[PDB]
Amino acid sequence: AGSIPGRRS
Amino acid sequence: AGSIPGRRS
Amino acid sequence: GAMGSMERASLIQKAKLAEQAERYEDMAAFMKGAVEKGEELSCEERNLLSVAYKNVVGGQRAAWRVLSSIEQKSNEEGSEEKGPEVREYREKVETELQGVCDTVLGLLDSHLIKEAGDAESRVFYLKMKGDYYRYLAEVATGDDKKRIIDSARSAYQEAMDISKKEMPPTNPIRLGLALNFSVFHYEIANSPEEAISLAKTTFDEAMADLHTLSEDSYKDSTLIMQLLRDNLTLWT
Amino acid sequence: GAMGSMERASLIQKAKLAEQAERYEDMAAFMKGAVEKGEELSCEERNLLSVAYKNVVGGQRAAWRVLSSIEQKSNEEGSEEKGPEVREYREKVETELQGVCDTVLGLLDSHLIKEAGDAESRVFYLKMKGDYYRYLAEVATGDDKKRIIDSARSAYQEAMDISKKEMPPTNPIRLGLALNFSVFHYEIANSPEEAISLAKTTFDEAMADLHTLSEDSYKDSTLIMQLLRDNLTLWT
Ligand SMILES: *Cc1ccc(-n2ccnc2)cc1
Ligand SMILES: *Cc1ccc(-n2ccnc2)cc1
Ligand SMILES: [Cl-]
Ligand SMILES: [Cl-]
Numbered sequence: 048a049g050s051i052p053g054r055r056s
Numbered sequence: 048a049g050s051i052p053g054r055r056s
Numbered sequence: 108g109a110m111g112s113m114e115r116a117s118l119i120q121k122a123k124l125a126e127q128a129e130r131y132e133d134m135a136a137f138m139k140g141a142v143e144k145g146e147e148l149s150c151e152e153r154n155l156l157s158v159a160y161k162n163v164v165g166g167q168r169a170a171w172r173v174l175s176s177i178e179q180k181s182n183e184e185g186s187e188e189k190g191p192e193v194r195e196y197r198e199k200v201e202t203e204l205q206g207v208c209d210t211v212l213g214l215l216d217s218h219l220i221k222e223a224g225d226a227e228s229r230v231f232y233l234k235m236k237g238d239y240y241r242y243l244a245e246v247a248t249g250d251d252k253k254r255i256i257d258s259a260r261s262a263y264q265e266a267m268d269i270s271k272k273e274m275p276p277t278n279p280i281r282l283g284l285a286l287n288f289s290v291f292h293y294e295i296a297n298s299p300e301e302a303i304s305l306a307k308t309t310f311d312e313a314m315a316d317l318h319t320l321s322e323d324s325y326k327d328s329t330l331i332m333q334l335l336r337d338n339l340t341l342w343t
Numbered sequence: 108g109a110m111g112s113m114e115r116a117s118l119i120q121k122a123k124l125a126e127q128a129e130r131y132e133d134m135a136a137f138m139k140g141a142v143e144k145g146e147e148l149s150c151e152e153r154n155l156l157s158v159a160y161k162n163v164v165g166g167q168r169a170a171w172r173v174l175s176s177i178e179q180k181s182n183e184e185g186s187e188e189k190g191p192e193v194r195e196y197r198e199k200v201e202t203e204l205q206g207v208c209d210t211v212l213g214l215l216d217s218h219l220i221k222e223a224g225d226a227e228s229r230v231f232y233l234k235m236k237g238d239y240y241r242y243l244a245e246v247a248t249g250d251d252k253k254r255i256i257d258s259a260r261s262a263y264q265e266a267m268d269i270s271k272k273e274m275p276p277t278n279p280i281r282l283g284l285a286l287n288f289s290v291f292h293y294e295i296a297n298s299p300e301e302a303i304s305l306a307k308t309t310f311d312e313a314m315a316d317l318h319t320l321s322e323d324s325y326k327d328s329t330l331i332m333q334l335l336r337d338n339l340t341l342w343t
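Chains as they are written, first to last, in our numbering: chain A, 48 to 56; chain B, 48 to 56; chain C, 108 to 343; chain D, 108 to 343.
Since the hints were derived computationally from the structure, they do not count as laboratory data. Note that beta-carbon positions come from the ideal geometry of N, C-alpha and C, so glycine has one too. Among the clues, some could well be false.
Which chain D residues face chain C? A few, computed with CB under 8 Å, are given here [unchecked claim]: (1) 110; (2) 111; (3) 115; (4) 121; (5) 127; (6) 129; (7) 174; (8) 175; (9) 177; (10) 179; (11) 192; (12) 196; (13) 314; (14) 315; (15) 317.
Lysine-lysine pairs mimicking DSSO-like chemistry, simulated, CA-CA at most 30 Å apart [said to hold, decoys possible]: (16) 144(D) to 189(C); (17) 123(C) to 271(D); (18) 189(D) to 144(C); (19) 123(D) to 123(C); (20) 271(C) to 252(C); (21) 199(C) to 271(D); (22) 123(C) to 180(D); (23) 199(D) to 180(D); (24) 199(C) to 199(D); (25) 271(D) to 189(C); (26) 271(D) to 221(D); (27) 144(C) to 199(D).
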């Protein structure tokens, strides 16, 4: 189950 | 130009 | 803090450099320093803050899971006693992860959230607050685990209420909030039906609002809609 | 050091756990603690030490290169003055990288190398010494740059002399040493002809010794031979 990856920008 | 990657084990 | 002598604008510039260099611990320290200057954060600055700490805690969570898996296998029937080391080192990583989550929550509480009046900033910070309590909940086991879960729920719920009143259904922050709150329901709160219902309703209401968007906004919204769809495919 | 109270065997066990968790800074700190116990290192333990610091400095070198590239573009004709920040942050990373290299060189000097009598350990540590002076040479610009380069050359040369006397041409440590010394020649010493000659002679002499190996040793040797071939393809 994926959350917002939110690792870029 | 690659050296020994040497990042595993 | 160690960033007290650096200009706010220099901290922001170096946070962007640290992102390019994939130096996320530095990036987080620079953005913590920028927050502690006391001024509100712009949209771009909020993204820098979020990206920095998401990467730091993301590495800690990945390590904690590797170690927790090793620890659980060691405590199985038929396993050899390896001593206290696996537990000790998992506790080490766990404590460091909790420290990072506490730091982020402290920034939100002092004083990002209380100064955030616009829907876009307030929902963004409340989503963050829910996320970092969720990360604490992932490792929690003691007297406070239920209170940690409810703190995550409460922050997510307040963010949802604002986003439904103040933002269109395709707003990327509204969509990412709903995505993460659905993951909270599925993974933390043992409410997979609530998780599925929230993801479906979020997806369908965004689908019906896509016609109002520019090509660039359409790209932003449909990307997060696909993450909602990916989860629904895994859950059903 | 902060590892003085932990058992040597526990430090080794946790270094292996940190590798599984991709926590290379922790891994390096555990192995530094194991070295500082004062006993010689086994073959496996030397590999753990090398892997840990190679990963740490590898991330620092990758970041330094990103930042050095940004800095060089900023100092071009027609670029806008961005202030001191790019230089400052590159210096930050550079200083941290130098600190890590100094730490590794300090471990080799106190007292890994002087206690290493077998060809396999002595060549391994001297190769490391050449590598970490090479990393210092990559960022060096002052009065000592030539001395840093010669310190790398001298360590590599002593390792080569021992490996040619004491090890078969297919020995993986001998092969990896020759590979890295050839990269030193090409990238640091401005001697691409020496780099090419060393890689070719190393490859051809290993090729002729493959017939003596088991299937597993053949796999180990041919893997490093392919790295020699990859470089020759890039250089010719
Ligand atoms: C929490 C969150 C929501 C939405 C995004 N996003 C990604 C691309 N556009 C917007 C990131 C994080
Ligand atoms: C320096 C060095 C030489 C050889 C290896 N290696 C990789 C696989 N087998 C041996 C690593 C590092
Ligand atoms: Cl530990
Ligand atoms: Cl800096």
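**Request:** Kindly indicate which numbered hints from before are broken by the structure, ordering the numbers from low to high.
**Result:** Hint check: 1, 2, 3, 8, 10, 13, 14, 15, 17, 19, 21 and 25 fail, others pass.
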